[PDB]
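Just the one chain here, laid out as structure tokens, in the form solved without the ligand.
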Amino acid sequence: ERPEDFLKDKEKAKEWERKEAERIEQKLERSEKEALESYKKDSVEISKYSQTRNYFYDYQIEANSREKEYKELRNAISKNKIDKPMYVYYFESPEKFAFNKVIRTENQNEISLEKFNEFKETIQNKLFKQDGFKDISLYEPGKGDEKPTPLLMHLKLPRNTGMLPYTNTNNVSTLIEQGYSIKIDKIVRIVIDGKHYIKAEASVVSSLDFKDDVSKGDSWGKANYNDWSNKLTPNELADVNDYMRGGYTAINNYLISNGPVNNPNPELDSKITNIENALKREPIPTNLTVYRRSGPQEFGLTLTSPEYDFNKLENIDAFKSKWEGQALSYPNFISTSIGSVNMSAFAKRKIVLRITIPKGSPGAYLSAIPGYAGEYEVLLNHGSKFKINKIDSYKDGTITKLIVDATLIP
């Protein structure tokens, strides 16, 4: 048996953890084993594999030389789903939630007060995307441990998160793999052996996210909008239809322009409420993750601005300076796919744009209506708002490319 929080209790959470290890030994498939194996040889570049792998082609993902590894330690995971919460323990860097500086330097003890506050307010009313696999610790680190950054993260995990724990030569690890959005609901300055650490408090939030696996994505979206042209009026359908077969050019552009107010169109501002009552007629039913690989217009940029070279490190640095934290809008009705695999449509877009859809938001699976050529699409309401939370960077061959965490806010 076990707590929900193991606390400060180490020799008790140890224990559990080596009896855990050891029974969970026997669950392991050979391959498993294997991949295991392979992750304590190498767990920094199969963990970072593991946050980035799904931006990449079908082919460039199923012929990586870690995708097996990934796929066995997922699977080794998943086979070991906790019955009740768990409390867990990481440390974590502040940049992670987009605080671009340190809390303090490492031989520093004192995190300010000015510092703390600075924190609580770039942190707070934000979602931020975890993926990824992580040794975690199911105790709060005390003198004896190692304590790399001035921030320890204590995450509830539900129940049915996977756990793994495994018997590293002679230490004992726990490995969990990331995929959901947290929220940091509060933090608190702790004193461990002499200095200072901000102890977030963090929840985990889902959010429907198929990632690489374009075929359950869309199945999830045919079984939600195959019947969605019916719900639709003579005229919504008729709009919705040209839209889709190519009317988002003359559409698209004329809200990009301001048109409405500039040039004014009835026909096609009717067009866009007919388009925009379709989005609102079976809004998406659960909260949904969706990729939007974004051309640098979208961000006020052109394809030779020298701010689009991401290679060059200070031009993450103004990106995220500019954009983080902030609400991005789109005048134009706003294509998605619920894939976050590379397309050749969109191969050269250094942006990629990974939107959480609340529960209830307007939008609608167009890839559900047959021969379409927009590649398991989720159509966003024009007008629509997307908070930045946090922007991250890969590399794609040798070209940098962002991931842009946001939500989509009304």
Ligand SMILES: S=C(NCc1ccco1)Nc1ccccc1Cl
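Residue numbers count along the first chain shown, from 1. What we label the rigid core is the largest C-alpha set whose atoms superpose within 1.5 Å from one form to the other. Compared with the form deposited with the ligand bound:
- In a core superposition between the two forms, the Cα of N100 is the only one among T167, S257, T273, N100 shifting by 2 Å or more.
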The other form holds:
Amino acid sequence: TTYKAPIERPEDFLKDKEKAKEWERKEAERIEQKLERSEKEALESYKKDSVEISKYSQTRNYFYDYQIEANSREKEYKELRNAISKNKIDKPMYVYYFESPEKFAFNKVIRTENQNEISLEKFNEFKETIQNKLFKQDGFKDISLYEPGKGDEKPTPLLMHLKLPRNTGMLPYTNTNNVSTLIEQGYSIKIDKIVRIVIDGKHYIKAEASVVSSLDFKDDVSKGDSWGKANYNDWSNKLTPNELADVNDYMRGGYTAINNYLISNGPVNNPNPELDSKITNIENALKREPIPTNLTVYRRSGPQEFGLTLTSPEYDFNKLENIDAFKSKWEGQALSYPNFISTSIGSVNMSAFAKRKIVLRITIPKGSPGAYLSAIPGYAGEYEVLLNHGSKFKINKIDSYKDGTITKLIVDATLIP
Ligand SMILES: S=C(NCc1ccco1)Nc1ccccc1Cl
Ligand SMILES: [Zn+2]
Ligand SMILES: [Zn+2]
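Mind giving me the form deposited with the ligand bound, seeing as the form solved without the ligand was just shown?
The next block holds the full complex; its first chain is the one shown before.
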């Protein structure tokens, strides 16, 4: 039943640097024979501009489809992405890399770079920050295949020991006299265990991390639409006529009256049985065929969703103090929506919400209520997934990016069951 690999390796090289580097060099030479000339050229460009190429691969998919196509960095992105995808690994591989604790919204400082010790207080604070959370990792990154020792670069107090699952793209390559391994990331990680370790008198937190598989179509709306239609083409027929009629009414513009009623706390202030009945039916419809796999969706959120307005000075994310204030208020916090929440399987910008500065990137766990409404023909919504009213979201991490000269935010959140 097991595939025999061309160059044998264990799942983890552990502290064995010599054996890891030997394997990595042999793999780099082996995979080089599978690469196309345009793929080899993309790898050469990568070594001369890795920082900018990596930053581009993190946020390229948030633009309009025509902007992605027109971007001068897109050709290089596609070629380097294809190169890594030429070596999907046959069995899991544990990798190692140093990470900033800020990557997990930990701002209390594990220890300063010049400091040695890690207090029990900071270790416990870090544990409570990362426990029971998923964190999206995205973009090109170089990783190591063995545990660092004395002679190795250790730029932070946090060491990631991450299990890459089978079929993850991994590209070992040569760079002048050295060898490195490139991955594209693009998955959720969970930190299962943290331990204090000592390397040459200095203390580090070693984080045992694993990938929690999910669908994330990003700018590939065609692939997302195929998945949505494969799972929800027969959804309309699973509903009662009243449920289907209320879902249809909502989709055709009834969402304004229903959601305004929910936002205004209408069930408490002025109960409307006709609106309550529609809400009941739509909620039931969303529970008929739960989201069948962990799924990432994207919502271009209005400032009112985060207690701001279009003219609020706090909504100007071009100022670093406004980003820091937003992160302080929302990172690690829960956000509950009284209304139904429309999202898209695509991360691309859309003309209807062109100027919205907040991109809510939601991971929906398997079994959540929801439905791919765009499986119903002739609908305005773009590749739409509707989430149930009253949904709660845990905000895990917030990032920023530039959309032209306007700074926008990416809010990495998880739907709570
Ligand atoms: S940050 C880091 N590894 C990640 C990496 C590979 C290339 C560039 O950055 N340090 C390290 C060095 C040697 C062995 C193991 C580790 Cl974790
Ligand atoms: Zn010590
Ligand atoms: Zn309700």
